[PDB]
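Trainee: Here are the chains, one letter per residue:
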Amino acid sequence: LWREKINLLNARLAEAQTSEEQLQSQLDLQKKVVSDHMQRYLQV
Amino acid sequence: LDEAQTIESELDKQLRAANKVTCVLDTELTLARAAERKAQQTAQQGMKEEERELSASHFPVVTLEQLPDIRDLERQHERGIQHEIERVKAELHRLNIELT
Amino acid sequence: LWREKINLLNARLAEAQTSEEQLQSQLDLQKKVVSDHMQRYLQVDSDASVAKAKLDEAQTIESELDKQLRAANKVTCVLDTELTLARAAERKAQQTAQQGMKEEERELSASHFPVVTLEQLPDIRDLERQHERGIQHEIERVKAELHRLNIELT
Numbered sequence: 300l301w302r303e304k305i306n307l308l309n310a311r312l313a314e315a316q317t318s319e320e321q322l323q324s325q326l327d328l329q330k331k332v333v334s335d336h337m338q339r340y341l342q343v
Numbered sequence: 699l700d701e702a703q704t705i706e707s708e709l710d711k712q713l714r715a716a717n718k719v720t721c722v723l724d725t726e727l728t729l730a731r732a733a734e735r736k737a738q739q740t741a742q743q744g745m746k747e748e749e750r751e752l753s754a755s756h757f758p759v760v761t762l763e764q765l766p767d768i769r770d771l772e773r774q775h776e777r778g779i780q781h782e783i784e785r786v787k788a789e790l791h792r793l794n795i796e797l798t
Numbered sequence: 300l301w302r303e304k305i306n307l308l309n310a311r312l313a314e315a316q317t318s319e320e321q322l323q324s325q326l327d328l329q330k331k332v333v334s335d336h337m338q339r340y341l342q343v689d690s691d692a693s694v695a696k697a698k699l700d701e702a703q704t705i706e707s708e709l710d711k712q713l714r715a716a717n718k719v720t721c722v723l724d725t726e727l728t729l730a731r732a733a734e735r736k737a738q739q740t741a742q743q744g745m746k747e748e749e750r751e752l753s754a755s756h757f758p759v760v761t762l763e764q765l766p767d768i769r770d771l772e773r774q775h776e777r778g779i780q781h782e783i784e785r786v787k788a789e790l791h792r793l794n795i796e797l798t
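As they're listed, the protein sequences go chains D, S and Y. Just so we're aligned, residue 300 is where the first sequence starts under the entry's author numbering, counting upward by one. Just so we're aligned, residue 699 is where the second sequence starts under the entry's author numbering, counting upward by one. When the letters of the third sequence are read in order and numbered with the entry's author numbering, they come out as residues 300 to 343, 689 to 798.
Among these hints, one or two may not hold up.
Unchecked claim - In silico DSS-like cross-links for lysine-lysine, where the CA-CA straight-line distance does not exceed 30 Å:
no., chain 1, residue 1, chain 2, residue 2
1, Y, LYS736, D, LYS304
2, Y, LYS331, Y, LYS718
3, D, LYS331, S, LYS711
If you are wondering where the hints come from, they were derived from the structure by calculation, not from laboratory data.
Just chain D, same shape as in the assembly:
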């Protein structure tokens, strides 16, 4: 049963990790928008 617990947690961890990575990608995309606007200002 502890082996079953280990396997179930191995299967489940990826969902939380994917959510964390998605939020990281959203943060990096906000930084990308900031960079786009700052580089637009760089032209003028």
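Go by the hints and put chains S and Y onto chain D.
Mentor: Here is chains S and Y on its own, set in the frame of chain D:
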């Protein structure tokens, strides 16, 4: 650009809220291992196939939700066994009285 | 023992939170530096190239400080889960400890049963098992002596 810089706070807060699930799952996955290995080495004392059959044909099967409390439900089942082995001993006492 | 360990875990969690808040302050300072370099690059190996390179450097240092903040958060959450499990176990034991014990019974139990140290709380169940076995051994031994005495009486 001011708005883009400002909006980063909500995303950072949500990322902080998200990290906790990953932390908890890693903790659980690391923690279960010691119990697993100790239980496995306890089982390594071994049973002859006949002994396995006799044990299994009467002892219940267990599942994941009972696993955390299995170290106590096991003692409850042991209490169930001994509370009748004591009855058997009492019947031995009564029959010894009768025989004497 | 569980309540004392809960207080100790609360102290550890407080230490983790003290680290976490100041790591957040460090992250804020690094973000301020990032904004400084961004505004400098907007203002201008030229000074503009230095502003760009150091804006990227400030973002990298901010990422490192955010990783340190995430490590602090992970430590805080590990200790928080430990504290929550400790509270759950303490309440589960409270389900039985709430029943109280008469003064004479407490005296006898204290004068007949050992005790465990704070952090050794898990081994308390080893004492429970061992003393259960000994108590049962003595119980059945006295019962057998009574049995033979009863048979002799018969």
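Trainee: Now, for every hint given, state plainly whether the structure supports it.
Mentor: Cross-check of the supplied hints:
For the suggested pair Y/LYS736 and D/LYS304, the alpha carbons sit about 22 Å apart, so the restraint of at most 30 Å is met. For the suggested pair Y/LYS331 and Y/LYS718, the alpha carbons sit about 25 Å apart, so the restraint of at most 30 Å is met. For the given pair, D/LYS331 sits about 18 Å from S/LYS711 by alpha-carbon distance, which is consistent with the 30 Å threshold.
Checked against the numbered hints above, the structure violates none of them.
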